[PDB]
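Student: In case you want the letters, here they are:
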Amino acid sequence: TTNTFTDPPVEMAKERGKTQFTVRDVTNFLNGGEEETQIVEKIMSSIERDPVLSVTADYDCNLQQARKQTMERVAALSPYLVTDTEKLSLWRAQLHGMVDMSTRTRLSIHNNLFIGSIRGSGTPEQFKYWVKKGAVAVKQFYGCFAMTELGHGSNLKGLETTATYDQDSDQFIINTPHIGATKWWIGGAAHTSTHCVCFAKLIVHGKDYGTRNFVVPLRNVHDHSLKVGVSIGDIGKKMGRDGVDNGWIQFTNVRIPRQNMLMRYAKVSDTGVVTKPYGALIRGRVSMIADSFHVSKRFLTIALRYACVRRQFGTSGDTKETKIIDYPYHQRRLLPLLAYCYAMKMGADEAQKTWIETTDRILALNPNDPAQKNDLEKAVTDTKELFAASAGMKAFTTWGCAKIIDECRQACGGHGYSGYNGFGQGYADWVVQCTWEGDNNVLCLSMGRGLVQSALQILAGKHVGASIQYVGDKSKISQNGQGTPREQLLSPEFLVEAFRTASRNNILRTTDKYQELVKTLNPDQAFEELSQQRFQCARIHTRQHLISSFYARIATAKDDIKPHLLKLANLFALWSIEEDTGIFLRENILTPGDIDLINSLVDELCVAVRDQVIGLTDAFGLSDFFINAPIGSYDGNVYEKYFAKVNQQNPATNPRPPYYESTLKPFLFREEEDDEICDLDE
Amino acid sequence: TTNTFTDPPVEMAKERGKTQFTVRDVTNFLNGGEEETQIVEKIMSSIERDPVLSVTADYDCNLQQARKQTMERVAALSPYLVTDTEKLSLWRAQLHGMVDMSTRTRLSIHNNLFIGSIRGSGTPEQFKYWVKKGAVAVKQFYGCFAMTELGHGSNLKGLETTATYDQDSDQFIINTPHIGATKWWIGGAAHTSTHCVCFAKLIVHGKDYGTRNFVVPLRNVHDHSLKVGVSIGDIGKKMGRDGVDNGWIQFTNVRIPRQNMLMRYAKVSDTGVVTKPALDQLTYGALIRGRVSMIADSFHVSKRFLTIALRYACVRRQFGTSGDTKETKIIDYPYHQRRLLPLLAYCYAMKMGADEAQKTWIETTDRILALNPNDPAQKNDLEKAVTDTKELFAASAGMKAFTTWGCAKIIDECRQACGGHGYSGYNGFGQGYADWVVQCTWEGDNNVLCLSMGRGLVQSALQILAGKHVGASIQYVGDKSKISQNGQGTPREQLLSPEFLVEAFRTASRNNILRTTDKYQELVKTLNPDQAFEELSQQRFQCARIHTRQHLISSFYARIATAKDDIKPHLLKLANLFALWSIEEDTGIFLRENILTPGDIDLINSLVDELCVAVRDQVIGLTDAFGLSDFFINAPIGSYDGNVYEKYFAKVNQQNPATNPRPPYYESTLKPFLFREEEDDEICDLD
Ligand SMILES: Cc1cc2nc3c(=O)[nH]c(=O)nc-3n(C[C@H](O)[C@H](O)[C@H](O)COP(=O)(O)OP(=O)(O)OC[C@H]3O[C@@H](n4cnc5c(N)ncnc54)[C@H](O)[C@@H]3O)c2cc1C
Ligand SMILES: Cc1cc2nc3c(=O)[nH]c(=O)nc-3n(C[C@H](O)[C@H](O)[C@H](O)COP(=O)(O)OP(=O)(O)OC[C@H]3O[C@@H](n4cnc5c(N)ncnc54)[C@H](O)[C@@H]3O)c2cc1C
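These protein sequence lines map, in sequence, to chains B and A. For the first sequence, the positions run 2 to 278, 285 to 689 when the deposited numbering is used. For the second sequence, the positions run 2 to 688 when the deposited numbering is used.
Only chain B is shown next, with the shape it has when bound in the complex:
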């Protein structure tokens, strides 16, 4: 009646049959309402219809093909640069970034980083000028963002490129003093760009005034050749995003007008330097929280769809083997990952909201206009703390996405290794997402230190950010050895407390260690000695914030969905205990007996979520174009489509390799040279 080949689409039909809610309600919940789900669906249709942007064949492209295709795609996407608002421009990017991270980046380098920066750091006259030149329209103008150097990436303050003021010419002289200063990883430079935003040390009359930005032209627009003193090359093969043309730039005494420097925050005239002694960087990290979500959901959808139809190994005496989604072991490997992926979106969303509700808080206040007082640096402090929290959020969610890609791949067995299922291509581009815009490990160490700082402010009884006030708290919870009951362990209120408690304890323990250390050591030294502890504190503090933010959203959810989201939220919170059993045991928040009960609670919550997976993955609202993997087809018709794919991209008419005559045949049919041995007397 059905065989292995034909069973899958049928089985996928029973599972979509189990769904107890309206999918689109979960889609509106994720995306933040009916209005936005229709916003993202117009975006998605543009992308998927457009023939130029098609991704069917991207997996077989070699490096040359990818670059050219990315360029064509960028040309295709350019009309939306005039149309799109900041929200839409960014949204278009993130959604297109699920299947094509090369084009996203080749376009983002100009319209997000170059433009971002000359709007951000240029005076209104300047921005206006570059626009007249073609900047925004991208006519005869393509930009790029030259910050990083071969020798410096993380340390902006350490950059060695120089910009020296020459009054006799009224120009800047841009110079790379040696090859260590060579600009590096600059997207669009190798082959695309006609201008960059160079980041350079400001030098005037032999003084260093720190790092500034300059608009350096690289190419003569009309034949694309390099300007005098500009050297550029192609960085070449990368681990991923081979469609982006990252190059190196070296400047040998390049002369630009003084005016080319961007002077919103710092000015030069006639040797005079007037600094008049942020949002972009945070609206960039919050953008990546949402990135982790968009990409993750793709690979979970693939893996979980596959699990609903793949059968291997069953013991139940039934005629057909067990669907791997019905193995609790498999549910453990993926369903808490599905829960996590939900909470990234919440987390991303809440960080945008708290960000706007604080930059409004500062601006609605008169800093200059003291009500006889400026006493509200408290609004200012809350902002810095939010900026700390966004750092851990970027790090752990980009790591989490990375970890989800890898688990989902492994969960599809050998078929996870086929290029047509997307796991290979998708992991590499994403790993670049872990390094740029703040090295995840630097970020976490900074945040941890900031957290210690903040607790010393609490210990000194001063105001701190809303987001870390909780370290000043006393716990609702005390474990006397009398282990926690089920109705506690399934409580969001309880669960939120447990994590805040574990996070507070850690921080307070670190903080104590540090003060005690400081007795024999310097402040910078004492942090180095507590760097593991600092990293842990970033970890626990970000997770708890994520747990809370997920519950805080369920409460506002439509009732029909709510019981299901709660099941997802509980799985995420309890699972999180299991990954950190040692932590909760060290504070004696929980007991051994207790964790064997946690064990059973995730089991039990796995079976519940499991029941509704097709629904909770159809919720992401992805067409098969955005899946871009035959084993994750909405259809479930997995083996049929995968074979079709393999045959479409690789026509098998010929049984021999193109190297058959040159290589294979002459090796299989090789003669033997003689084993005869030279004559010798005696």
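Any given hint could be a false lead.
[Stated by the list, open to error] Each computed EDC-like pair below joins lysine to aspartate or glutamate, with the alpha-carbon atoms no more than 20 Å apart:
1) B/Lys520 x A/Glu611
2) B/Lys327 x A/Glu536
3) A/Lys565 x A/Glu35
If you are wondering where the hints come from, they were derived from the structure by calculation, not from laboratory data.
Fit chain A with the ligands to the supplied structure of chain B, relying on the hints for placement.
Tutor: Frame of chain B, contents of chain A with the ligands only:
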């Protein structure tokens, strides 16, 4: 005197002056003596110098270029198939796989999987016959291994391809009943193999006798065309190992003679009686070889990427202050040490594992191959050889899984440890990880391999409870722990003791196994064994994991006991670091079990910090101790002499000469775009 560009080699020479020991003594310790090191060096210069095998341009290769050059490389390695011993063959494949996984696999499917199956499952005459037809020499013959189907990977008993016996003709009819039984991922099938070993359900008189082994010709050897009823295509793009031509195979009423079925253990007469049932799981005998060989790969590839990362750590500076305003060396920041150095210790430990497993595979298959199963006298000899292979199966499986996952993690942590320079193809991490990762899937999916070891460990516990004999490896499961904690803490002296750490680990493992064996007993009262183990799947994983980790820690100490004295203390530091760091991942497990107190965790963290600082002083020596030339590094930032930036800039420019500032799509794509005319929204006229 120095700048960012010229500083690294000066720093590397300084770092390398700190070494307290003779590097080659550690290298000898890792290889099992100076003789072994000499043999290892002989293999490596052959690989280094042979211009067909050069990997300089490999990062830049498209799939069609990889495909072709892998074939050339396979050709150039083929003389060694006739002269190599088992040990040389293993080692030549392992060492070459450090930097070229595609050729390693493409050679391996014939010479490891295909050949191993005919030796291990064919009679001596059956083997001699294919030998004489070119099989071993690779003359007019290329083999492959057709086990996996689209439908089935892990469950070999559920394979759907059939081999149904036909007495009228004395043939097997090999048939793929639907697209789901299409053989899948078959290395060499797409383009190169002439013959396959194909696994199928042996059907005689309407009865399935289970999964059996047959040699099936795939192609006409003189023009390479497909034989009648044989259908093949190319699976195409993989995540890595693109030089390997993995194909799919469908059979439609393909006739082979009956003598093509491999009949060392299972037989079928010309009348159709399945003369014997196997009494063996030795249809998959060849798979054990390479699981064993995968423990070593994990060491060899780990040691390559830890050397890249850690040499780079010693020269890269970000954020520091110093007498001349030089920034700090990333290796001097304590977090970076804890990211890498415990992984360095892991890696050293992997080699201890790889060697045990290797010594047993080579020993065990001498015994197996020298036994005749058609001798009644020899029935008690083979009776032990079977249980030897069973134990070996189980031990290899968990060690394969965890060591290949640990390598995956090392490659990945080393990549990030190099920052953005880890993402450059030329520094090797990308091709490396993508090529490495299939090892966690093939020749046994790791998770499923963990489930198999978990089961074997429960069954070993029952033997123990029955007082019956068990391998030295698992004996400790029997004993009572020598440690008890009344909650007053564990001192520093015990926490730096090999005996204590070992015992701590054995205690954590034994208790999980003994508990899991407890639940199983309760379950077998209603359930069958099978259904019980599936209920215990999560438990089986846990046990595999701890016992494996306990095995490696124990094996590392057992070798440190035998070392030259001058190196022993540095090797000791790595061991305890590995051990204590391992407590640090599994902190839950040791507090769950009342082995450590909460107040011991603080202390463990500090000790890790100390051990790191001590191991950091000698990183160049230990990494040097691997014995890798720059060819096997294959990464500018991992250069021996540390001139990271010069070599990195040179590699990039050499592979991408920059004399043209336009792209190949300038005239067709970029210029037309950038110089596109204005869109006229001049509106139509209307009244
Ligand atoms: C694909 C790609 C595209 C890029 N595109 C651009 C671009 O368009 N424009 C641009 O300007 N840049 C670009 N970059 C550069 C990118 O921003 C850098 O890779 C990153 O910002 C910093 O990396 P790094 O190489 O400086 O690493 P480093 O900062 O040197 O870090 C090296 C390692 O040491 C560790 N480390 C560093 N400091 C510390 C510390 N204080 N304590 C402990 N550990 C530490 C880090 O964790 C890291 O693992 C790109 C990079 C990539 C990979
Ligand atoms: C590059 C490459 C080359 C290959 N070359 C060859 C070759 O030359 N010859 C050959 O014969 N084969 C080859 N294979 C096949 C390879 O051995 C299979 O991928 C491997 O055996 C895994 O099988 P599978 O994909 O069927 O996984 P499945 O068994 O289908 O498993 C899918 C997922 O379900 C999980 N799962 C399965 N069963 C259970 C259970 N009982 N409980 C809980 N979870 C479970 C697994 O962990 C896995 O994550 C190759 C594969 C690759 C990727």
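Student: State for each hint whether it applies.
Tutor: Evaluated hints:
In summary, the hint linking B/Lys520 to A/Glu611 is supported, as the alpha carbons are separated by about 17 Å, within the 20 Å threshold. Note on B/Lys327 and A/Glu536: the hinted pairing holds, with a Cα-Cα distance of about 19 Å set against a maximum of 20 Å. Proposed proximity of A/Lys565 and A/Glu35 is supported: the alpha carbons are some 12 Å apart, at most 20 Å.
When each numbered hint is compared with the structure, no violation occurs for any of them.
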